[PDB]
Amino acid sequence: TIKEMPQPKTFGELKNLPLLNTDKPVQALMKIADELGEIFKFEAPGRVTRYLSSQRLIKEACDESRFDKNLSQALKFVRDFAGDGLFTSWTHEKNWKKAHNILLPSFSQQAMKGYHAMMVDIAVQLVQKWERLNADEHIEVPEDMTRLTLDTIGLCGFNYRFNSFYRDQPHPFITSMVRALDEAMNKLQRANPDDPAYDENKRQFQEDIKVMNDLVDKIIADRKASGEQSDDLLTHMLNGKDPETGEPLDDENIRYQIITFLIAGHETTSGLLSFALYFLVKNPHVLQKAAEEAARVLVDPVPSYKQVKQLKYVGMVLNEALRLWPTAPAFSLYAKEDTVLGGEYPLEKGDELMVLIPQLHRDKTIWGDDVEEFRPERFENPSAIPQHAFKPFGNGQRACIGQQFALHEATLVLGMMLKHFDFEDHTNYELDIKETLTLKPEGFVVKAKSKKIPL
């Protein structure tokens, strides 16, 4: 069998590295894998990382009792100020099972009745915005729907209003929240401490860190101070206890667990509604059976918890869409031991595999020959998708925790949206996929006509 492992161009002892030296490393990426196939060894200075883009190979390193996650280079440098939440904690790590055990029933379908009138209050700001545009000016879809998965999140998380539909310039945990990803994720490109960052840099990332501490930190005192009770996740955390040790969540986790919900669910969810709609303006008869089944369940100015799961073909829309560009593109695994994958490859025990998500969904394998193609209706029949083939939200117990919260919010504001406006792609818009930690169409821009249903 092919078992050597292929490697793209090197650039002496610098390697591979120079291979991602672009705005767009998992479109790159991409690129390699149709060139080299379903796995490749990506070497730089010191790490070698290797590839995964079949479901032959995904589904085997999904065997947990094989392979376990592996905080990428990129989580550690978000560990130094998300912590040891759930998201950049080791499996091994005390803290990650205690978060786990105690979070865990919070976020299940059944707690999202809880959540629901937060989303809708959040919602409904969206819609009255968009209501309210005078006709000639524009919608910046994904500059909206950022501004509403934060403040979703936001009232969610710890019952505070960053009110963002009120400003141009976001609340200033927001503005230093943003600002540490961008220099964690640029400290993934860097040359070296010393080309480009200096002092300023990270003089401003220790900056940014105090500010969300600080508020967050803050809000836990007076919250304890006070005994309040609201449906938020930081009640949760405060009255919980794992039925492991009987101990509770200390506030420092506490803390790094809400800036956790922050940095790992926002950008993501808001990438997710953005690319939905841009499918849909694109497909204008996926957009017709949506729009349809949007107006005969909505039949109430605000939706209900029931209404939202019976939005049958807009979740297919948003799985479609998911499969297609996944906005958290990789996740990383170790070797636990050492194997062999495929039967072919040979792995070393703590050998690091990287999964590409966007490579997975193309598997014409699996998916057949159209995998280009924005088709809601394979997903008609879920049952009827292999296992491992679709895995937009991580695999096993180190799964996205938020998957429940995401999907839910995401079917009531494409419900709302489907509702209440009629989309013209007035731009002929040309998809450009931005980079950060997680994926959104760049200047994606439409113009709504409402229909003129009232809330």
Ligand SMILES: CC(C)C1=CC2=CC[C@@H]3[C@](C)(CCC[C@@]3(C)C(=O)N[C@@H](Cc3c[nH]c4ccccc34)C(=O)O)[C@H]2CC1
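Numbering follows the first chain given and starts at 1. Note that the rigid core is defined as the largest set of C-alphas that superpose within 1.5 Å between two forms. What changes on going to the form solved in complex with this ligand:
- Residue shifts between the two forms, rigid core superposed: of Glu200, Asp194, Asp369, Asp300, the only C-alpha displaced by 2 Å or more belongs to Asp194.
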Given for the second form:
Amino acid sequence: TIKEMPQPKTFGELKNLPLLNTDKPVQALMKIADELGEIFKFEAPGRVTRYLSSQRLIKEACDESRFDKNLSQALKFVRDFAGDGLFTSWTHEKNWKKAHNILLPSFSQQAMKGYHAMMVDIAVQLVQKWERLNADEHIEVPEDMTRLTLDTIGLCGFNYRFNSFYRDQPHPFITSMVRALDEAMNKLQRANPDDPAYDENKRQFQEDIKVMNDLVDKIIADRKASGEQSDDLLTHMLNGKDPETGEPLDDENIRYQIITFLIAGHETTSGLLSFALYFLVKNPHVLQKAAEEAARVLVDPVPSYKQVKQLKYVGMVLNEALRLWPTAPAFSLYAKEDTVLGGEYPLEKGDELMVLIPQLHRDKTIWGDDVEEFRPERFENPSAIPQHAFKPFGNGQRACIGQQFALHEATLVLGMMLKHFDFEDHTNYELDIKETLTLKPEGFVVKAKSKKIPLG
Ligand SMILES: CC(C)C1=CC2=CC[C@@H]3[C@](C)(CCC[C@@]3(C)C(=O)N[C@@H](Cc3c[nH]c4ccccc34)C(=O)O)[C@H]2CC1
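Please give the other form, namely the form solved in complex with this ligand, since only the form solved without this ligand has been shown so far.
Now the full complex is given, and it begins with the chain already shown.
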């Protein structure tokens, strides 16, 4: 039967729009999903979307013959500085497929062998920072994980050192990037954006864009000027030719790719490490098991690529953190033709869906009753997981190109953290999830006690 879709509470002419007038929209949408179930309609003046939460329906939304990636309003606002890089381009734009074909070999599991040593450089700085803490100082976890992740993508991506472990104030590029991202997010719940009240925002936006463009174009120019070949994405993009068109990326697009990778390598990836460490300190038996793996595998002063691959349980820890709090929590699709979703909901060509990943990852039909428990063991036998049940990296040809990079970095860093330190949840931290572009455990702090194992 053709079933009428649930809808959350309305506000007259504003429809559902005020429900997202909140600093925690994803968590609000999760509560609505708990009340309304696997799908609900969300209307606002001039737009309708449908939010999906069940594996049953998301497995169909993940059919690329029926649905393609949509640019959400969030992605549209980011496109003002991320342009037609991979993240903010439509599948049908020529620059999408070109960049996809050129960049895929730079992001493969195999290509991680090449980035491994630069990743180690940044992880060693993190370990050394923590070794150098005085007794009863503490660690600001998201803050340090972001220093690591941002620096790792800068170094591996374009041989640039943000030197984040040398600073309290972020590098000028970062300042502008974070403020552009914040601005892009603010625009989502901003009525009358054309109001002259927001004159100053617009001017600040344009300054931040200029900062970002100037530094990246200059890095681009300098590399071409020097002609040096490096272990980095910038080299692969200057050299690469798309097999299909035979064309290279132009300098403007390369800039957008760089800005894109820096956005991703910032709080999106550091979020994974932060949530992983949160769950470990709140689950001491899991921490112990992971620590025993790190001690057994990481037998050398500095981890090898092969050793990181051996950290199976650490990999499961990361997957279980991705299950509960995926740091890129939603993505958008549109129907390529008229179609019926789940045998019950007719859609017209162009109709949009949002996949609410955290809610997908709580589907009791897939995971069982214990959905709120942190149990990395759920990931021991990945073949048993039904199709499209676990989607922290999105879907299909438009899935995260950075997934292997993010997981290698995370596994290496968490491995080393677990080898070098015992951790204390010294404040009995109460989880508070701050929502920006991404999700993070705000104010999460720990004490680390060195196990006194050398890096030399
Ligand atoms: C850039 C990438 C990393 C992101 C992707 C996102 C996708 C869905 C977003 C997001 C989680 C931010 C919170 C709003 C939400 C859930 C959304 O549904 N937004 C819809 C619905 C919506 C909210 N406000 C709007 C204003 C106009 C039009 C649509 C909307 C949208 O963006 O389209 C957001 C985080 C940032």
